[PDB]
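Okay, here we've got a single chain as structure tokens, the form deposited without the named molecule, with questions on binding and movement later.
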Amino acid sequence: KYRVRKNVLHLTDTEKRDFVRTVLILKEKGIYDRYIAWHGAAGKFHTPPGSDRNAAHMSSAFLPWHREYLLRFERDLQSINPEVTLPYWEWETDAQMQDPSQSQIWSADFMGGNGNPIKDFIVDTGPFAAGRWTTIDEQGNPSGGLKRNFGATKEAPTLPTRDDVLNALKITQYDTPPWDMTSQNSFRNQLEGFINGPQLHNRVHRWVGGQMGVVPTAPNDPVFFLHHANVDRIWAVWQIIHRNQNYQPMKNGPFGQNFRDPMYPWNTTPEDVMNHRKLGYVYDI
């Protein structure tokens, strides 16, 4: 309840600079890659085997898994710079802009811009531009650099709206059986974005494009964390609005999917991360 996570639009130029520096430091030491890999491994970890669900997506653990992911990542930033916390990208607000690509989050001072079509959409601007930031493929081998292609697909030509967020917050049930891509009247599946997909969470990944548009490579793009800090914020809000409500399933959904089950690749359980304040952080506002 001490660490404050801020809206990207509220950061001082120094905070932006420090965040970028710390990320680049984590990347140099080899710590950043551990994060890419954890998310990759989890994505291929089906619960149960053969099922469409995995440890981090298309199921109940989607939200708590990423919260732990972000928590661990933020603790790593703190180790380098104690004054650095994870900021959140409020995409619902950027969706209101005439041209979202002009949002300050994409400035050459922060995340860098959209991909360059003349270069097969390689990001050639910002601190994570090809040549300054190496990426790796799902195979785990060096790739050719970050790629982004804002709103190119037909299913995600735009960022989700404030209304989409509001409608999701309306759901009274955290999740509902079978606890997967098909769960109905489920806040979790709603936020994740499988209802009339792609929506919200899923839609943002698709809108961004490049490595961000697919599970095995998503974290190669630093914005992955700003996105999920926002997703984590929507959830924190949901938890306040419906305080009558608790995580689901409690038992008898799939192993690694239940309230007290370990979340591959960690021993962390959903219960362990239900209270973000106990985890040591809050969102401005």
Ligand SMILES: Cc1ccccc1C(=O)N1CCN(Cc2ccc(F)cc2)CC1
The other form holds:
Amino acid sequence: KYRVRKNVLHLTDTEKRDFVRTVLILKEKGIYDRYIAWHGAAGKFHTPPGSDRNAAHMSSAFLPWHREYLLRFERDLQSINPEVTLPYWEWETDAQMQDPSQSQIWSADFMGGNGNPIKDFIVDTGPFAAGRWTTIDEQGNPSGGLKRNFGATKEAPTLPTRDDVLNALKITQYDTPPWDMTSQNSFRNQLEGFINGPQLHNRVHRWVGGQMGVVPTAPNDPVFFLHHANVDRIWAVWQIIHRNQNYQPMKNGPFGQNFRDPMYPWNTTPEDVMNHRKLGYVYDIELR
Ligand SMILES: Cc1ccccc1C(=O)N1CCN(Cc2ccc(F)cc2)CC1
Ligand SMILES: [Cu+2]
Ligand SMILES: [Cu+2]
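Having seen the form deposited without the named molecule, can you show the form deposited with the named molecule bound?
Every component of the complex follows; first up is the chain already shown.
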């Protein structure tokens, strides 16, 4: 309950400056790239081989994997500046806007704006604009700049709504067999966004576009972490409401998906990260 993770819209000018100031540093040192690679590596690690489940997505481990993923990044952030925590992008309230792209998160002093259609949707405003921020492709090679294209697809023309989030929180089971994209009455799958997809988490990625629109290159966009922080916040809320509901599967799931299994590419288990408070952080909405 030490580190407080704040709503992006609640950040001060200084807090925003410091966060962005801290991220380019991780990037400059070569630490940021470690996170891009981890995500891509886990995405291609199938549980079991030949299945469409992987270590980080389309399965039960989706939530704890990104929580650990998000946990590690923050610590790296703190190592540069102990006053800096990972904020979250409350995309459900942005969806209430007629044009979500006018949200403050996309201001030139924080995340920067939408892609330039003249430059094939390269981002040329903000701290992470092309020439300020180098990107890497699926194969781990330099790719030439961040891209974004808000609501440019028919499958996801809009961001998920507060109701979408509220309905997900109603689900009683954390997850259900066969522990994958096809799971029904499943909070993880629902939140992931595979129920009548794309919805929620998956919808956000699709909405943003650019690197965020594909699994192996999504972390190239710093907003990926703000996004998943919100996803993690939602999960945390679900945990506080359904206090006696626990992670599933406990056993007999694919290896890497069970409660006591190491979540590739780490040795961290879902168990090790079930309680968001034991990891040393809390969301601001828990204190209000
Ligand atoms: C194929 C499909 C089926 C259902 C819902 C969405 C989609 C889809 O096209 N996505 C493309 C964009 N990301 C991919 C993605 C997922 C998780 C990440 F950490 C990073 C990137 C979200 C899902
Ligand atoms: Cu992911
Ligand atoms: Cu994601």
